[PDB]
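Read the single chain below, which is given as structure tokens and is the form deposited in one PDB entry.
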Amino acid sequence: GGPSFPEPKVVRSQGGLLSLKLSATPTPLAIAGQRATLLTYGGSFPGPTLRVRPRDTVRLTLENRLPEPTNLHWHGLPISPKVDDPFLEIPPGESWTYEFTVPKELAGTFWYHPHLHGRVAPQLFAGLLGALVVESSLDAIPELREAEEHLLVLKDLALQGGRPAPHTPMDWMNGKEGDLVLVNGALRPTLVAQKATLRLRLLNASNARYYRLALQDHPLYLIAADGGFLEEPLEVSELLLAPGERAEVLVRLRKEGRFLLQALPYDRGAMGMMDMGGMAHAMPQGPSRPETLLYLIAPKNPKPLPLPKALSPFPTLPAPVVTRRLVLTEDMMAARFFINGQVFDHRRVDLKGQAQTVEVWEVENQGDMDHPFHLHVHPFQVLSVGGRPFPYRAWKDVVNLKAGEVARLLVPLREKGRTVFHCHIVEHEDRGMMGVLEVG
């Protein structure tokens, strides 16, 4: 219908159930004017979008048709770590059925991807990822109902010989970024808007690339973070999305025209090669070059909707019972990454907490790179970074830490069981930067 825009196929719950068999398989596909064989869920890159409502039952059978073992992480879903099991291994040729109920208060954009320790970064870079959208009753208010909605999966790629490029020694240190900077698997698509207000769900599913998002001539109005709505729209001139983060923004198209959505230059502290360089700064890579992500064409004679005056009030959380300190460190040349001086050991429990309590977590980046900290299973509220207040109230599950920054997080502990926390530059996770939390 009308102009086409590349976007993943959507699978929706029906009568309160989303039952779906999803195969993880090598798949030859068309991509950026060539043919490449990626690893995909459901024969597509990105994988299919699962769309559900609160209280729905999800029954996803993952069919491993890969040459190596794999599993799934249900990124951002506050469900049982016995379902969202970071230690599970599904051998090649076997299947596993994940069954869970969507929590009643949940809303926003989530995603799924591999979490088999040691193999995350190659598997995710090869194409294995998809989005999960939880609908909200709030989507029925006129200021959002009549917006034109789209998912934008931000995911870069690099190809060599018609397959995902191999990880190099520098990739294990810096995280791998690709030369093909894609939106929904397409190179610089064009979105011909048919409404003047857009609602864009944004997902950074890249291994390591950061997207400093800016739309030409337009602010963004942030209405949702990783794990739920803000309390009211927040206008920003630009929006930094670290790996694993999601956001939902409203765009209000004022004038006709063609506007670029760009990822503006951002320096995440990646390191370059040789120790010599010209004479200035020798071996930091420096800021990313700007990238055009997509072209946005405004409709004829645009008149946008008013912004909603309110969204979702954020629950007051109880007083915390424990303070934890988690210090991130790195040894760049060995490409090894630590939390409180240790690398991940799946046989080691690093933190022991109580169900139905709130903790404060102080996460300190004592490295020189940005590290985006992710905690499975338990969404958190960011109170402050660097001793200054966070700009909004919303559930998050990834918080970006620049070099030297300390984040203070309010972490309500929900489901019992053993789960993990890790950097979501997934190369760093594979090379050490993960620990184990047990709730009882």
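Numbering follows the first chain given and starts at 1. Shifts are known only where both forms have a C-alpha. Under this definition, the rigid core comprises the largest set of C-alpha atoms superposing within 1.5 Å between the forms. First, how it differs from the form deposited in another entry.
Large C-alpha shift between the two forms, rigid core held fixed: of 349, 282, 310, 317, this applies to 282 alone, with a displacement of 2 Å or more. The protein segments that move between the two forms, counted as runs of at least three consecutive residues with every Cα displaced by 2 Å or more relative to the fitted core, are 2 to 4, 275 to 282.
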Second form
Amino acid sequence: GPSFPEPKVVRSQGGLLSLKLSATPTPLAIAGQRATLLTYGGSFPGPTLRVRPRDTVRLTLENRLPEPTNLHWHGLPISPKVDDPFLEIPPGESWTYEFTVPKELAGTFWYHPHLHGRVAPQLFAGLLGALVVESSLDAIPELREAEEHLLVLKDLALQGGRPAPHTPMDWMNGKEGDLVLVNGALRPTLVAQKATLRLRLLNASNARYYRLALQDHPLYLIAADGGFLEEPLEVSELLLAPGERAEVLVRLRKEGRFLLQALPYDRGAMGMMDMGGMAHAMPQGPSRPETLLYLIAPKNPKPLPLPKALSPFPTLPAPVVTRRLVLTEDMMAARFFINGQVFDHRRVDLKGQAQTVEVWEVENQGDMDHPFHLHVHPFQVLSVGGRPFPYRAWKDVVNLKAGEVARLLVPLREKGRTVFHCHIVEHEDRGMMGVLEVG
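Can I have the other form now, the form deposited in another entry, not the form deposited in one PDB entry?
Here we give the lone chain, stripped of any partners or molecules.
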């Protein structure tokens, strides 16, 4: 096949993407070895769904797992009556998700399970796939003429031909695997044919962070989780926390081989040690550096000029409320809290009004990084750690290091009950989630 492995794409046809997927244990070849993973559509990652605004999506999920499951349409501003975080599809049963893709939407989104208490092992085992919303902006020459690829960043650990089981320490830290893969491949080679690449990036890992850097090159950020920036932003590196997406332009500068790496990053994961009268928690420290892929530049690369503008960011109404959500940890118990409470599906934590804007100040009073995710209602990050964000774009996950406060501008869109939670999915399963009702 193509030197660069990417998930198969399923496109809407005549404004309709109608598809039946099965969630199923699937024997496959992965990183040179045979394993049984849990997959959608028989593959890992699952198929990439590619749609346009105003398309109808009709996705029937058949559950062929031995446990209940469901889907979260991560990042899509649709109704929580469709993207329903409380729905359970029992083993052997099916459910049809039907929705219209919002008019004002573009970017890279994804789908994965969200059945509380069961997310981490299901996601770890291979249940996820991408969803791309094509825009009219894709037709501008500076993007149209770029070579486009999706990079699904997901790690894995195998034991006895199956995903490794979660240990108690995994529930505390979030589970990371030794196989650090791109599109289910181990360090693939991307032999570029054009001098400008457009890369859609997805961190679909349970807990691993990717401090992205391409050797000898900057990256040009053109989209965040949920939409385009207003103009490209040059960065020397780009941190993607679990659940985050980004799109970047890469402008290949000369011929040669360039490593795309996940540089060392310390997200505050913990180990245990015993030093003569101890048995206490110790920092694992930064991750070991990983090579994600080999990028081979073409001969005599002459990249396109960058687009001067992308999408103007909407002018939001003045906010009508400020919320404060404080994240804390009980590491030895592997329990995680928002405002001193663990998740309770019966309890409503925040009640807001549709079509108003809120300011949410989310504060991490723990020692680990926590990537905070809100369903249904994409937000604008104003600042984090007291530092203003250098761009305007829609996001739906925001990373907070220890001690940091993020200030978010949150327009409330669809009515109904939905959730917010840490996207280190083990932490969500272990209680770090709350309920927002919009009326």
